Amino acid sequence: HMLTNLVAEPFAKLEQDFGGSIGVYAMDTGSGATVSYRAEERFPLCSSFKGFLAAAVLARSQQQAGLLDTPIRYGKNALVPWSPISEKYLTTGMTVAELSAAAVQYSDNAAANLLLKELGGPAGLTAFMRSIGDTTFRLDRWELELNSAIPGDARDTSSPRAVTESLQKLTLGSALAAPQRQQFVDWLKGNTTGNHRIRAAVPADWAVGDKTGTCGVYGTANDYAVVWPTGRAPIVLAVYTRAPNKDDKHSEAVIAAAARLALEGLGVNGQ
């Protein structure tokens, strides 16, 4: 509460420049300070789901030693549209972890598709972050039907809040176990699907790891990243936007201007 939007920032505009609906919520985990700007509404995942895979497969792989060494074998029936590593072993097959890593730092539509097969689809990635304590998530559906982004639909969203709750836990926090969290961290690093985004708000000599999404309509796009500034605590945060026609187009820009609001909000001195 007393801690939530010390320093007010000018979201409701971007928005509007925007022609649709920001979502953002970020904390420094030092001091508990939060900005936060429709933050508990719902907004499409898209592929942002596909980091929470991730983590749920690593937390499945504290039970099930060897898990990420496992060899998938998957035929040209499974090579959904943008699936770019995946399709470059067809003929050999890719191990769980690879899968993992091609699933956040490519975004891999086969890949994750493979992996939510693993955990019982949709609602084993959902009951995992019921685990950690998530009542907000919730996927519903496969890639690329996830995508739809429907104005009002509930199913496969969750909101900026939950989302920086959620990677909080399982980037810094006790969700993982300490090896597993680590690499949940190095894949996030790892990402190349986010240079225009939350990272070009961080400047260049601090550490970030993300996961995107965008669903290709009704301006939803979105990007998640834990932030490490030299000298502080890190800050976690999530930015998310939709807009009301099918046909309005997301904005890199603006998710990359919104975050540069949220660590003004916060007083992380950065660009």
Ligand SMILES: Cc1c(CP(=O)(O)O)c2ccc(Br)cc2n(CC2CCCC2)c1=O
The other form holds:
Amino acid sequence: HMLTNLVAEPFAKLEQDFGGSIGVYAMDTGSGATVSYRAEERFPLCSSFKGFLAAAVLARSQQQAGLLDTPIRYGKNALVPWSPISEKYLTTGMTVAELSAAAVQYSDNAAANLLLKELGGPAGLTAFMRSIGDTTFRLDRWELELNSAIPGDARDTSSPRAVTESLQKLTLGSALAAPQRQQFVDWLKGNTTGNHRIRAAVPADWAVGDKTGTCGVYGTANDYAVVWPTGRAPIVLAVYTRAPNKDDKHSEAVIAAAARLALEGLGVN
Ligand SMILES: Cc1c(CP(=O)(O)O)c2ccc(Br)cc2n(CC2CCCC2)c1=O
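Hand over the structure of the form deposited with this ligand bound; the form deposited without this ligand is what we had up.
Following is the full complex, with the preceding chain placed first.
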């Protein structure tokens, strides 16, 4: 149930056309069958950390009654670039739950930084990931500095394999209480930024929740998802890219193509 070889040559050709590195890990939750390609290499998380951030908030909500309903007020100086929800509520504030939804479904930067502050910063989110058994994940910096994607720099990285393992634990396993688990799924399902990535490889009659990341440099962008094919167990998968030159462009088409190859490798029609 390493189907990694059905699709190892097509992944290598896709990566050669792209001109960089592609990292994939895909898990069939029914059989436990996996597809790996550069699955243990580090890639920059970019915005993809915001899904784990929302899950860490949900975990804390199990301990702290009322956390999700707490109003948060912020100044103009909190509004960093790409804050499309939080800029509309500057004069009013938003709840923790609303910031978490904005962080997940619009990749809202100001919302992500405000929730990082609630958790004790990048070290607090790293702490939550260690708490679910993820020893690979590290967040080191805040938005926007975490997007530097410097070749060889382990800061603000994880592996495709650790991202998939943690995503399965949070969405399908026992890392969150059932209500919090379904809220995390529902936030991922409502994501607006991923239509050209994993979703572009998934039939319209299958449910999917995803979180994107785009660093803006070094051909670096990513997506992770849970996919619910009809008539079989869910699939969890992560697709990360980087490239050697700062002005290399990312490709959403390459992420969708990689997701297609992972699903073909798992035998999902
Ligand atoms: C938050 C954010 C996103 C959405 P996501 O990261 O989830 O895919 C985004 C998406 C595409 C591009 Br092209 C630039 C982006 N930027 C700007 C880049 C990262 C920092 C400056 C350049 C976003 O901030």
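Numbering follows the first chain given and starts at 1. We call the rigid core whatever largest set of C-alpha positions still superposes within 1.5 Å between the two forms.
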Once everything's superposed on the core, is residue 9 shifted 2 Å or more at the Cα between the two forms?
yes
